[PDB]
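Below you'll find the structure, written out as structure tokens, and then a few comments.
Shown here: the complex without one of its protein chains, the others still in place.
Letters A and B name the chains as they come in the text, with residue numbers starting at 1 for each one.
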Amino acid sequence: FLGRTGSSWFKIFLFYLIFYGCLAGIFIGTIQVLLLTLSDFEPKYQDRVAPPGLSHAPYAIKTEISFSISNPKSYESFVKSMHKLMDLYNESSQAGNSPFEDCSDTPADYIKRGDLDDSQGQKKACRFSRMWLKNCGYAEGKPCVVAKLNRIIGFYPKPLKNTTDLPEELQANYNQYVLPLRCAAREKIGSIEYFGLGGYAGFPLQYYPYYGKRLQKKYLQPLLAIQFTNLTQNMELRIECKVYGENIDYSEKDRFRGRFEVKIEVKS
Amino acid sequence: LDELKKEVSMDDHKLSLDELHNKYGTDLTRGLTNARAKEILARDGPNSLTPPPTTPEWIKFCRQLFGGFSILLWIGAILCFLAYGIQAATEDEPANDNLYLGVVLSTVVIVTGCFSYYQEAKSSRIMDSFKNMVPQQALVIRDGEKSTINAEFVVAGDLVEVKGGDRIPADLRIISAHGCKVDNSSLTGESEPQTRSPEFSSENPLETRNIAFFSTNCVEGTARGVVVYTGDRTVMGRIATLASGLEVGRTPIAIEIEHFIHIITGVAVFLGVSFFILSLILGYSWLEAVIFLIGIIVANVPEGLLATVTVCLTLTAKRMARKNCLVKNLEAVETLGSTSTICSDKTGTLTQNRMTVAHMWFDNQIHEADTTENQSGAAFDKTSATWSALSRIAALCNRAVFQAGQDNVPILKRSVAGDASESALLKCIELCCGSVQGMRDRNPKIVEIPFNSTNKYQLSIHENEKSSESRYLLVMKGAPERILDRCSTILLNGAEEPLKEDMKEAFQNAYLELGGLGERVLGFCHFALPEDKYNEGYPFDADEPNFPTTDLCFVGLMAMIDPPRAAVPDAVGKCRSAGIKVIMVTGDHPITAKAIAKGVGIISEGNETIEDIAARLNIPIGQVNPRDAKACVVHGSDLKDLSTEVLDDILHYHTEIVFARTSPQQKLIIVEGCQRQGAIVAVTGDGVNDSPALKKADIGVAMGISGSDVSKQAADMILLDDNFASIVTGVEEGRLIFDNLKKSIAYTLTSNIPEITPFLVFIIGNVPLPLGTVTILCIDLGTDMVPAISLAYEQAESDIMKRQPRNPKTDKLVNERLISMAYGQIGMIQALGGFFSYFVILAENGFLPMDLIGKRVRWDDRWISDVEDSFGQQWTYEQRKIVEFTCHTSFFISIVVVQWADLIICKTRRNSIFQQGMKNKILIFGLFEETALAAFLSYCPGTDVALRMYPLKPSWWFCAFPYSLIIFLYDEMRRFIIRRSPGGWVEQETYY
Partner (left out) sequence: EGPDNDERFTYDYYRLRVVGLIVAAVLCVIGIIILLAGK
């Protein structure tokens, strides 16, 4: 033929069949032992998610949400993702004492449901009403963005203490139980309005620590609705929403490390 | 074009002096007119040689920039700029990826260009050396007056004059001469002075006395002649053009390189476009379809391989430089290993090029002297009183002297003023009797008759050094038979005795044997003149026989020859044991050529020519079956009337071939004949008459000390110490580097698979990219470099000089067996070890292997800063990318770890590491430096930006260890099978 005879062509097939078969069987074996060394409830390493990311619902083309108020299908793209998220926080999804629980309607302290063990059933998560998100189809004019803190197993988000000076200096400082979120731009051509649990501009600490998908399915993380009823129009406004805390940090590279990058433009 | 120049020349030495003048419109006495000479100048053109048109270095460099790998790397470099252009227009990408990768790849092509350019070097100044043989000026007779003119202004027809010490300015017809002798070594390779006279003495113009040639010099006397040829039209000017004009051609090693380039280029374009369409079918945007292709290019092309080859060659050439063997062309480092036939000059190559005493006949006994340079033999006789009598004649009846200031150099190597035979005798006595000058001071010469054409003897009368005598001793030497007709007694073991027919017959026997050995034989005799008949003041007349020259006492015979170099016989046998055919090709006479052939082992004992059979059986040569003769001796005059097909039959039908009295073109023809049969041929030589053959040879080797400038220009290799044993070393080195290149190539190729497979699974699996493009270049250009080179220092696995020369048609540098092992077996194991570490990194950070399938879509989505892992955690864009790049880093390090084992297995093709050992210090160096480089690239701060290399956790380093070990075991088991059964299965499938 090309290389060899039929007899040789066969033998080279019988070899590579057994050979690659063995190699596949060995590869699988090493994957088995790897998995055997891992927990079902907690990942081996968590230093790469460490400082929590802050992500929002409006799917930004490039950290930007520009549209026209005087146009219907101009914002119907951002309403798709906005709906996708909030559709999960339905009351019909949170039914019965299992696996949900009614928690303080005001920001409270942490809740420990034991260890990362299966020695108990599904760890009961705090309910969250999308109805706590006042004012927010969504904002056809002047968007109503929804913030979110990335989930990390066993992470206890710790707010800053009012020992020294603060950006939003001491205003509504629920020091003990709220992780604040203050959006900014100089360039003050807007109108910041925050909505959340208990009416505070933060995340209620009663939703922590997260026990993971395996130990807490259907779990709901707290949301923080933000509305920009800015009196300006037809210009790119670089708005940055920042979260503050002891366990919260940022990076010049990762522009989502505990903060937002939104470029709103109501070009109408 | 040069087929005309490969033919024997035609001449006009047969014409009379007068007749020759009519042909050139010339005067025998007055010479040309100033006007007629200038007319002929413009007519024929200058008496000069024009160098052939060369290829500029520009075109030579750029021709390498387009050879398979460079072509693919160019397509990659441009395709980078393509994707970059498409980006800069569509979505403003502030990145530098495609732009920088395009710059990097273009640089890789340029630098790789320098390496191949360095390897494909051609240092040739043939025509320049020939031009150096034309004198600046010549002496001509114009308008009846002699004047010096620019030799280029010399034309056919003018009257030229030459004298001892000057170069022949052009081909001349001798019309007048006085004691003129010439050095025709340019045409023959033999430096013994040849007389020139107006008389025609041979039909063959290269042998007649009435022609003098350009490229030669007058050694003594004076001559006048008419110019018959000028410039390019001279006999050796044509040889110049032939030699300088010959197409170089591709070396065996070069052909091998191009061959695997085709193979690897083939699989590259195959998988390249095979997966380019496979991606579009899967619905991949052309934006991405090209990005994957660039990666495929980089994965398939072994970027550092061609440069490795060059370095391995260079390092092998450095070792040979250290044995006095200079390599002018890097590729010639290997040709000697692939050589199946050596065509060797005799004089100054196989031989020392110096008349040396070989045997002596005295006391009715043949004695042998030591002919070797360094005198590696033993003594023959010292005791016999006869010896001292013969020794005295050899010293006294000798007019040769050592040049001043030689006392530093060895006797046999020092320059001597005199003819070759007298120098030989001088050096013979000086060696075994001490200072000859002393013997010539103790015995003052009073009268002598120098060797005469008519007398055929030379005699001398000396004052006997003996005090009790202080009388007159007569000594003489000459033609053995002439000396015999002048002897009455023979000095036997001390005492004289009558010359009976018995001893006279033993003389003839001794004389015939020595002459049969191709040796020049001389007779020696002396006579103690009677005291009473010769007073202390008796005057001797040299002009008229004033003393007896008959009834003298015969002392002995001495024989001499230009002997082989000490190492030559043994080197010839070694070449022949390695299955190399050795042919002699010489301008010298057949009797001498044949005798040295037997001396060095070109013709082995018992082997006969058709002429030998005929003489032994006493029958006509036509009655001899030529197939009964394995040896042959072909004279150039017969070679001339043979067609190439008939020359091919001679080459095919004889194992032991001697081509004697060959012209320079004839040497070229014999070389081409050998090549025509498909053989790789080496030429060894030292003369300008070797230049065409040396050029045409697959590898020409010139002698460094004895070699002429031309020969060393025509060669690929120079033996700087004239050590012929270096050929044996050269062939051995050549074979070793050929095997080691295979090892180094397999090693380099093996790591291609773990660079290809990640890109494929990236498409077919939709997982995060396991390894990057930049990461691949860190391997092929970084870590693999020193290890791959180090394989050039591997010792032989067996006695390589015991095997036959490779068949260049069947035995390739890269074959299917190499690809099967490197791509199909070992590289495949490396790929898995890479993937394993990849799955380990991701799974330990929260992305278990199961959830990875079909996630790249969301993984690469720059706007999704919340991807969910297996444990329910959310990752931003840059966070997961850090893990991904950490995966690139550990996959990279996995390659390094699996290359550890590969380096050790590529060490040997057959033998076990437990047999060959670990005595390669460069290899061990490679292991340490490779690992140091990898660690540095991972842990050095800032490398995460420039190369996207991230720090690895200690446990990460050990992921591929079990795969590294399986490689070592697998290959060790496999080679154990090879050795345990030379049959073929494992052998014919995987044995590189």
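Worth pointing out:
Note that a residue touches a chain if its C-beta (ideal position, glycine included) is under 8 Å from a C-beta of that chain, and two chains touch if they have at least 3 such contacts.
Taking the complete complex into account, A:155 is the one of A:78, A:155 or A:203 that touches the chain left out.
Considering the full assembly, B:938 is the residue among B:217, B:706, B:708 or B:938 that touches the omitted chain. Touch with the chain omitted from the figure is made, among B:456, B:953 or B:979, by B:953.
Touching the omitted chain from chain B are residues 921-922, 924-925, 927-929, 931-932, 935-936, 938-941, 951-954. As for the chain not pictured, it touches chain A at residues 45-47, 49-51, 110, 112, 152, 154-156, 158, 247.
Just so we're on the same page, only the chains that are shown with their structure count from here on.
Rounded to whole angstrom units, the spacing between the C-alpha centres of chain A and chain B is 74. Contact residues on chain B toward chain A in their complex (touch as defined above): 91, 816, 824-825, 828-829, 832, 835-836, 839-840, 843-846, 848-849, 863, 865-866, 868-879, 882-883, 962, 966, 985, 989.
The part of chain A that touches chain B in the complex is made up of residues 3, 11-12, 16, 19-20, 23, 26-27, 30-31, 34-35, 38, 41-46, 48-49, 53, 55, 59-63, 148, 150-153, 210, 212-214, 216, 219, 251, 253-257.
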